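Student: Each chain, letter by letter, is given below.
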Amino acid sequence: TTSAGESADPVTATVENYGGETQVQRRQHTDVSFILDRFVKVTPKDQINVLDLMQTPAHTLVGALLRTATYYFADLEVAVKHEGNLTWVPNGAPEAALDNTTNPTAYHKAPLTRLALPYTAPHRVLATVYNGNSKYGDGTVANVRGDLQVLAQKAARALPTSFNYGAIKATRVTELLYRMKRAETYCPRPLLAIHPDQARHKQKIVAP
Amino acid sequence: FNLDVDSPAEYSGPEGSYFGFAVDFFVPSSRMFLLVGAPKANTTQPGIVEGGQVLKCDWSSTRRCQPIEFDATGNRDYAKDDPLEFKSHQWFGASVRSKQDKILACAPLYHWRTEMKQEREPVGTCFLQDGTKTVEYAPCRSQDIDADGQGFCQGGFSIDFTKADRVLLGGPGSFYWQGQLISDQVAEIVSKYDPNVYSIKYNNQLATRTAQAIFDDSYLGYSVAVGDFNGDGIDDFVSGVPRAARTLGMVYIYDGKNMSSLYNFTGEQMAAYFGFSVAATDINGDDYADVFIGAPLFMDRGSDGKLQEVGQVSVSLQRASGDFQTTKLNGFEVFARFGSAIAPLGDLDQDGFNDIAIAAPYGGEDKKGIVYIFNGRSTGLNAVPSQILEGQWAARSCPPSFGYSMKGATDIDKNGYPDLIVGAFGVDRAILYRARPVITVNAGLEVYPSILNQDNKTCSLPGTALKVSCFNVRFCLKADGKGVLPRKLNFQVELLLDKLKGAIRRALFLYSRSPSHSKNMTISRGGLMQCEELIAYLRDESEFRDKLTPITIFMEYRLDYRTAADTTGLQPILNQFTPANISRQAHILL
Amino acid sequence: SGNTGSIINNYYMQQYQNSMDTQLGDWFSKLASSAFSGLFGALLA
Amino acid sequence: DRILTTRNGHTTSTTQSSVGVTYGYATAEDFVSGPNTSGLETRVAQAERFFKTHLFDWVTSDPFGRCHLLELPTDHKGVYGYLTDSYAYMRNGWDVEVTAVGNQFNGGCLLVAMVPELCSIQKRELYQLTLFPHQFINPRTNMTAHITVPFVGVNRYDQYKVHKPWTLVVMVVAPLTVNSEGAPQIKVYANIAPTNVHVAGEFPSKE
Amino acid sequence: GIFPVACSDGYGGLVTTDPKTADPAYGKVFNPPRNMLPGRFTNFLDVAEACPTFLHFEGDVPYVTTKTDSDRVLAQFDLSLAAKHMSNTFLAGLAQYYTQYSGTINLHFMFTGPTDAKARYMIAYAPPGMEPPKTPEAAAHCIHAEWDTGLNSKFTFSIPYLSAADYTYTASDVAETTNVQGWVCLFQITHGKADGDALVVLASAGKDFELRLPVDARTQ
Ligand SMILES: [Ca+2]
Ligand SMILES: [Mg+2]
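In the order they appear, the protein sequences are chains 1, A, 4, 2 and 3. Under the authors' numbering, the first residue of the first sequence is numbered 1, with each subsequent residue one higher. Numbering-wise, the second sequence is residues 1 to 29, 32 to 503, 506 to 594 according to the authors' numbering. Numbering-wise, the third sequence is residues 15 to 39, 66 to 85 according to the authors' numbering. Under the authors' numbering, the first residue of the fourth sequence is numbered 12, with each subsequent residue one higher. Under the authors' numbering, the first residue of the fifth sequence is numbered 1, with each subsequent residue one higher.
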């Protein structure tokens with residue numbers, strides 16, 4: 001289909017333009033609420049873990065596919081394998097309130113304890129990248145520093161802990177898993193597949 | 001001004017080991035022992051070569067240098083299949099400060115990995131020997147790690163001992179090359195250290211933490227000094243900052259009681275290591291320490307326009323409170339770094355004040371080295387030197403720099419005068435210059451009567467029947483000097499008459517009938533003023549011509565260096581600024 | 015509705031299960073459905 | 012059949028080579044009457060006019076991906092930038108319009124994009140800049156690109172001193188290919204304008 | 001008595017993709033309102049169908065340069081979503097997290113030359129089974145299409161989905177190196193004074209493009 005090449009309105013030159021017809025297409029597996037509510041592993045610290053969704057890795061499925069959105073809204077439910085007692089704390093409480101048991105602890109029931117948390121952020125919709133990010137500010141005191149203070153790729157790290165779902169604290173968490181349900185996404189961002197060095201990225205597919 | 005340059009105590013070491021980078025005295029509190039640390043010598047630990055050791059040279063009887071290593075433990079482990087410490091090429095022997103029986107053999111270039119990641123942080127460690135106990139002191143080895151910690155601290159750079167048994171350590175590379183001076187008593191070192199614990203942390207840890215942003219890369223603690231600088235008796239913790247204020251140089255003198263700043267100084271030339279080598283000692287006479295700041299990389303403003311790297315040492319004098327007077331002491335030869343080998347000498351001649359030795363490493367002929375001696379007086383410190391020294395052996399690839407490691411204020415040859423351990427790491431040679439016994443000689447010439455009549459006619463010339471004018475010459479000799487040396491001083495008294503008369509002399513003796521007389525007068529030291537009186541007459545009237553020139557009697561005596569050796573076999577020397585010859589006059593009326 | 019697969023009603027009501035949304039007083069499905077197709081000029085068979 | 016002359020307030024902008032205006036992410040504004048401001052907002056109608064700015068000089072030696080990122084709002088030294096130093100919380104849309112005037116004998120093209128919250132990009136990421144509100148400019152067809160976007164954001168009113176939501180991005184997709192009869196160097200300008208600003212909360216005066 | 005049950009075996013383990021929802025622990029939370037907030041997408045294909053994204057050619061560029069010689073092959077790339085040319089596309093960004101697809105793939109072809117340079121092109125689909133064509137004479141016998149550069153400067157050609165099976169794998173096989181899903185070839189046929197001038201290409205999801213069976217790429 002010949003078009004106006006720069007107006008950037010959507011054009012879909014379908015397969016009927018050179019004979020033929022289109023079939024019924026189903027898109028349930030690419031829905032944004034279906035593809036995001038499954039469990040993903042993140043690395044835990046020893047005791048205190050803020051329940052930020054942007055600490056999911058960038059190589060995994062719903063971490064690299066959550067970063068497709070600029071703005072997201074999703075209720076989080078976690079599943080954590082721990083020992084001791086695990087106290088969840090809402091958004092913006094002091095971190096000394098992790099020790100108190102009036103906050104929603106889960107006693108140890110073997111092997112793991114999954115529990116559904118609400119969206120406790122003050123904002124209408126969370127975010128992934130801030131502009132300008134890391135601005136006390138802009139920038140605390142000096143601070144420098146030396147030689148690697150200028151050329152550094154560590155400025156895309158958020159500072160306000162308001163896009164967090166809260167924090168969990170146990171004696172020693174071993175593996176804590178995120179999933180995000182009722183997920184709404186807004187304003188898409190680019191998604192990258194890895195770069196082939198060959199003619200085509202041939203990997204060993206599964207076979208009998 | 002009494003260093004034994006003729007036949008000094010030669011000390012050598014292994015090849016390529018830099019024998020003479022850190023030396024110090026040691027006394028088993032008799033006997034004496036020298037401490038010469040070689041940073042690139044062969045070690046007894048398997049798989050580790052050129053690590054470093056502390057060779058103790060025996061000066062008594064025969065020079066017996068013995069390579070000694072305190073904590074000779076191998077590379078420890080922490081996790082699994084990973085050495086916790088890397089003692090390979092650790093340069094063990096960069097700063098070895100001792101005090102009586104304690105031997106502090108520090109090592110700033112001691113590497114140590116992080117307890118959380120496989121790295122290699124040079125944190126430095128010290129090996130202290132308290133009398134007969136072997137302990138390890140390393141304050142820059144605990145929770146602090148690389149970057150925001152004490153990874154590059156290199157604990158054991160600027161070390162010194164006080165009077166209250168407090169070990170003063172100073173690392174310039176602490177916290178992003180800022181610096182930290184940790185001083186801990188020996189009680190916490192011998193009672194608080196544990197070889198099983200890797201995070202050594204003492205209780206009373208008096209030091210300085212991080213500051214603002216302009217203090218970064220300042221080397222806080224490049225040179226340390228002890229003494230009173232505020233009025234409390236306890237030795238303070240002087241800190242040298244070579245990189246202060248756009249690379250100028252400031253000295254931060256901290257208190258040796260609760261860690262508090264006292265006074266601040268100002269450098270002279272930009273980028274000159276204003277505080278590389280300091281020495282706090284009395285020079286004016288008030289029992290107060292006086293820090294003399296060194297400056298190796300100083301360039302004096304010459305008359306030809308182009309600056310010349312000669313170095314500069316500032317002589318500061320402390321009065322009652324803290325009014326330090328700065329006295330600019332320029333260098334000498336070009337490319338000498340006058341201000342690197344500065345060591346107090348103390349009572350070198352027992353003249354009532356202390357002395358100090360400042361040697362130029364890269365200076366001298368053929369880039370060897372000249373040791374400049376600075377003796378004290380009543381006012382302050384002398385500017386001009388008193389004795390010029392030279393090197394002995396040659397070098398290979400590293401520059402010679404004769405005179406780098408040296409100490410003092412400790413008697414070693416057993417006589418009362420401390421020697422000077424001139425240790426040169428470039429030529430791998432440590433030469434010990436012994437202090438010669440300074441003799442305070444007091445001569446005297448009493449020629450009476452003063453006026454001499456031409457027609458006096460008093461005595462009688464033997465052999466003839468013609469009377470002539472005569473006069474009595476009574477010259478006295480006296481010797482007085484502290485130290486262990488034979489009192490029987492064999493002085494060679496040379497009697498000379500009429501120094502002006506080139507022409508025929510008019511004054512001659514009677515017992516010898518010759519103007520020049522030779523006398524061997526061996527007097528005693530510390531006893532009474534042994535004097536001698538003789539008669540000398542004048543020539544006849546029909547011999548001379550001029551009748552207005554006074555008779556200048558010139559006596560020149562020289563101590564015969566023969567039987568003046570005892571025990572150590574060292575030849576004594578006379579006092580400084582004291583000629584061994586005198587001359588008087590005798591008026592002749594007309 | 016999500017990744018649920020239960021025909022039974024939930025046990026916990028609606029407000030002890032999720033966070034309730036509040037009204038105040066979509067795009068790319070309208071953008072992808074307004075796509076031009078066919079041709080631009082007079083076609084032949 | 013073409014109405015191709017826009018205006019915002021008392022300033023107009025007539026272009027004769029407009030391929031069309033692209034409404035990004037919304038055709039209409041959000042509810043400006045929020046509950047996080049207690050009804051103390053008000054529209055300033057005098058902030059809606061254009062203001063010109065310079066971006067870069069697209070020359071023939073520029074390869075793929077010579078991008079330019081100016082954060083909106085930038086330094087407005089007029090009426091709009093007075094509101095930044097006199098009111099704490101404010102929201103607005105934008106309707107940008109970049110111009111790359113050469114002639115119809117140059118070649119190449121440069122993509123224009125309004126992208127929210129843009130920082131720390133890669134040049135491998137530049138292949139998918141098409142996802143945002145975008146509009147191509149090539150001299151063979153047009154001279155301008157006219158993009159219009161509403162207020163996006165984490166929350167309804169914004170503090171522009173500590174946050175810049177939008178980022179006008181122009182990158183060069185094909186390099187500028189001058190010919191014997193083209194124009195050697197083109198200069199990229201832009202006139203940006205706010206849409207329906209709403210301030211809330213008066214600062215004290217600096218005196 | 002009480003109601004007897006049988007605590008059945010094999011059931012009840014933790015599955016990471018199950019439709020079981022977790023029990024709540026902290027209720028009565030009212031979110032701030034979010035209604036009619038701009039820029040919402042529902043499915044990831046609508047972003048991939050309404051927003052085309054560039055391709056990758058030799059020299060890390062999206063444009064292909066006209067060729068002033070006897071050889072007339074502008075580009076010839078195999079047809080897979082794990083290809084080298086398709087790599088920076090958003091369409092192959094989310095097709096890295098699935099196993100198999102079906103449907104058409106739109107290719108958008110914008111010509112960025114000056115007003116005096118004219119050229120015409122062709123793009124053909126060579127189904128698998130023999131070698132891909134190297135001349136526009138040989139590629140006339142494919143399912144091809146031609147267009148020339150005039151006033152409307154953009155051309156959209158929908159790649160047909162021809163396959164034996166109903167779904168084709170989005171991951172090209174690691175050992176099998178023949179690429180038996182298909183080639184797509186685009187040529188130039190002629191050009192008038194179009195030397196050094198470009199043809200920037202794009203790719204979008206088709207009208208009936210739909211993916212299937214999500215897995216975790218894990219940056220592989
Ligand atoms: Ca450097
Ligand atoms: Mg640099």
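Everything labelled a hint here was simulated from the structure, so no lab data went into it. It cannot be assumed that every hint is accurate.
[As the list claims (entries may be wrong)] Derived SDA-like pairs: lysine to any residue, alpha-carbon spacing no greater than 25 Å straight-line:
id, chain 1, residue 1, chain 2, residue 2
1, A, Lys-101, A, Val-51
2, A, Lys-523, A, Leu-498
3, 1, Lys-181, 1, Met-54
4, 1, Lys-181, 4, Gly-19
5, 1, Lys-181, 3, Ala-25
6, 3, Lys-28, 4, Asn-23
7, 4, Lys-70, 1, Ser-33
8, A, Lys-259, A, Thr-164
9, 3, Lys-118, 2, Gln-27
10, 2, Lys-172, 2, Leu-66
11, 3, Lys-28, 4, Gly-16
12, A, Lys-101, A, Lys-165
13, 1, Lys-45, 1, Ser-33
14, 1, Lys-181, 1, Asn-91
15, 1, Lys-45, 3, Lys-28
16, 3, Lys-28, 2, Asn-47
17, 1, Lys-181, 4, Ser-74
18, 2, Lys-172, 1, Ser-33
19, A, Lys-484, A, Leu-578
20, A, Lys-480, A, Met-272
21, 1, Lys-202, 1, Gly-63
22, 1, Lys-204, 3, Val-215
Student: Hinted pair, alpha-carbon criterion (25 Å max): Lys-181 (chain 1), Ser-74 (chain 4). Please report holds or violated.
Tutor: The given pair, whose Cα atoms are some 30 Å apart, is violated under the 25 Å limit.
Student: Given the proposed pairing of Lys-484 (chain A) with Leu-578 (chain A), does the C-alpha separation stay at or below 25 Å?
Tutor: Distance of about 12 Å is within 25 Å: holds.
Student: Compare the distance between the alpha carbons of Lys-523 (chain A) and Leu-498 (chain A) with 25 Å, and conclude whether the hinted pair is satisfied.
Tutor: Between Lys-523 (chain A) and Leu-498 (chain A) the Cα gap is close to 11 Å, so the pair holds against 25 Å.
Student: Hint check: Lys-181 (chain 1) vs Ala-25 (chain 3), CA-CA at most 25 Å. Holds or violated?
Tutor: The given pair, whose Cα atoms are some 16 Å apart, holds under the 25 Å limit.
Student: For the pair supplied as a hint, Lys-118 (chain 3) and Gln-27 (chain 2), is the alpha-carbon distance within the 25 Å limit?
Tutor: Holds, at about 24 Å.
Student: Taken at face value, is the distance from the CA of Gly-16 (chain 4) to the CA of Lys-28 (chain 3) at most 25 Å?
Tutor: 22 Å, holds
Student: Are the Cα atoms of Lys-45 (chain 1) and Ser-33 (chain 1) separated by 25 Å or less?
Tutor: 29 Å, violated
Student: Quick one, are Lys-181 (chain 1) and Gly-19 (chain 4) close enough, alpha carbons at most 25 Å?
Tutor: At roughly 14 Å apart (the allowed maximum being 25 Å), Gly-19 (chain 4) and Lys-181 (chain 1) satisfy the hint.
Student: Is it true that the CA of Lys-259 (chain A) sits at most 25 Å from the CA of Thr-164 (chain A)?
Tutor: Within the cut-off at roughly 11 Å; holds.
Student: If you draw a straight line from the CA of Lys-181 (chain 1) to the CA of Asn-91 (chain 1), is it 25 Å or shorter?
Tutor: 18 Å, holds
Student: Verify the proposed pairing of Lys-101 (chain A) with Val-51 (chain A), using a straight-line Cα cut of 25 Å.
Tutor: 29 Å, violated
Student: Would the pair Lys-204 (chain 1) and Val-215 (chain 3) pass a check requiring their Cα atoms to be no farther apart than 25 Å?
Tutor: Given pair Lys-204 (chain 1), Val-215 (chain 3) holds - Cα atoms ~15 Å apart, limit 25 Å.
In this structure, the earlier hints numbered 1, 13, 15, 17, 18, 20 are contradicted, and the remaining ones agree with it.
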